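Presented below, as structure tokens, is a lone chain in the form deposited in one PDB entry.
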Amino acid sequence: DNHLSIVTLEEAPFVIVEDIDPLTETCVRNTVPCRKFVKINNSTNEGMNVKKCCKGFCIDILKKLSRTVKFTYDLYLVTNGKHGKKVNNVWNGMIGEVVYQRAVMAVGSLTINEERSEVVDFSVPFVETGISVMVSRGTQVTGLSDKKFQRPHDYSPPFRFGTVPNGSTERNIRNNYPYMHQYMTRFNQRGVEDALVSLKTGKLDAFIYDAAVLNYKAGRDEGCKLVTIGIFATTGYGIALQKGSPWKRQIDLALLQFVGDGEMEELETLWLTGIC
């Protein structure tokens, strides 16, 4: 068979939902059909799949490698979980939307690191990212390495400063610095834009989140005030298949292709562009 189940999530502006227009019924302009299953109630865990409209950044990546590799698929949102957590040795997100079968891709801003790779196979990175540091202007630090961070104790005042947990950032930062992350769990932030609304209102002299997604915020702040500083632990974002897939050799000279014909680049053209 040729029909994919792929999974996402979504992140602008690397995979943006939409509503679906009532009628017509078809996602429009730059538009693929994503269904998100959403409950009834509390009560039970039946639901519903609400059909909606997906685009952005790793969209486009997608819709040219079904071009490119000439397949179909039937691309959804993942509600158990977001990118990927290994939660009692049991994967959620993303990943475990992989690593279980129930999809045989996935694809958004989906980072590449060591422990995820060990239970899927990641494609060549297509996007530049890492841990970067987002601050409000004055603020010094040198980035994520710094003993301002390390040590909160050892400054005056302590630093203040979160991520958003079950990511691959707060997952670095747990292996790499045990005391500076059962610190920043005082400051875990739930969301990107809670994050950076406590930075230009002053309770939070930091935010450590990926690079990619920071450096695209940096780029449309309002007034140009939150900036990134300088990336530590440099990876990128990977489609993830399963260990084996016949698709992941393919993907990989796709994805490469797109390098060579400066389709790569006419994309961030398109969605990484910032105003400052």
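Positions refer to the first chain, counted from 1. Note that the rigid core is defined as the largest set of C-alphas that superpose within 1.5 Å between two forms. What changes on going to the form deposited in another entry:
Compared between these two forms on the core, the listed residues 92, 113, 79, 198 keep their C-alpha shifts below 2 Å, save 198. With a cut-off of 2 Å and the rigid core superposed, residue 237 has a Cα displacement that falls short of the cut-off between these two forms. Comparing the forms between these two forms, the C-alpha position of residue 57 differs by less than 2 angstroms, with the core used for superposition. In this overlay on the rigid core, residue 102 has a C-alpha that sits less than 2 Å away from its partner position between these two forms.
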The other form holds:
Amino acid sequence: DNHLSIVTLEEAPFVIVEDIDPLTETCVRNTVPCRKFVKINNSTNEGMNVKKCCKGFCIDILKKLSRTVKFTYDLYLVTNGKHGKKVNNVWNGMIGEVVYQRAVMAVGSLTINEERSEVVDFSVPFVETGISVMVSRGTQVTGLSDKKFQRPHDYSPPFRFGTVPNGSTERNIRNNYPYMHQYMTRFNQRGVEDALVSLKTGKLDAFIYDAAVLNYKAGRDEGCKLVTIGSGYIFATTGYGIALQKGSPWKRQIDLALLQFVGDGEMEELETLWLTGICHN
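Instead of the form deposited in one PDB entry shown above, give the structure for the form deposited in another entry, please.
Coming up is the bare chain, nothing alongside it.
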């Protein structure tokens, strides 16, 4: 069939979620319909499917893919988990929706990695990402592998740097740089917005996170005080990719369509439309 269940996850500017237009009670132009299962309370599986309206960088990718590869879809937001985590060998998030066949496709800020690639097929990456570093303008650091991060107490004063815990960034640092992980947990940030405030107010020296997210934030930062390292020093370079069921018959044509979008300028136009900001390091 050409009708596809597709799961997504809110993370601006890649996926932005709005309510239906109250006047028409439909999704306005620029946006596509998406449904979210909303719980009655935290003490039940009972809930109500609520109509919402989704837009953003990856939603525009989905529209291009649906037009080019010729398929229709029902888009819905994941409600258990976020991107995808294996908890006691059971997947949640968007990856969980794909592996357990509730969705044939996951569209969003979904990072390609080896663990997920053993249970889903990933399209070609459509934007690059990885582990990058954001600092206040004037701070000199190379990247995640900088000795100022690896051996923080070789310097006086030591760098105050951290990440948002419980995600792919913390897991990677924990495996690659154990002491750096042990050190930086004292500077754990509750969220991206918290970290930016801590950077701009001198409470934090560096923020280590998703490169695509950090580049977007730096491009629109006010006064352009926050900057990221160069793209050549991004650690563990990977990308956002479309997740599909293992052995999906949609993977090849989706790969060819994405590579077409990259080569013919359509991809750069979406980057200009959604990702590029005033600031330019």
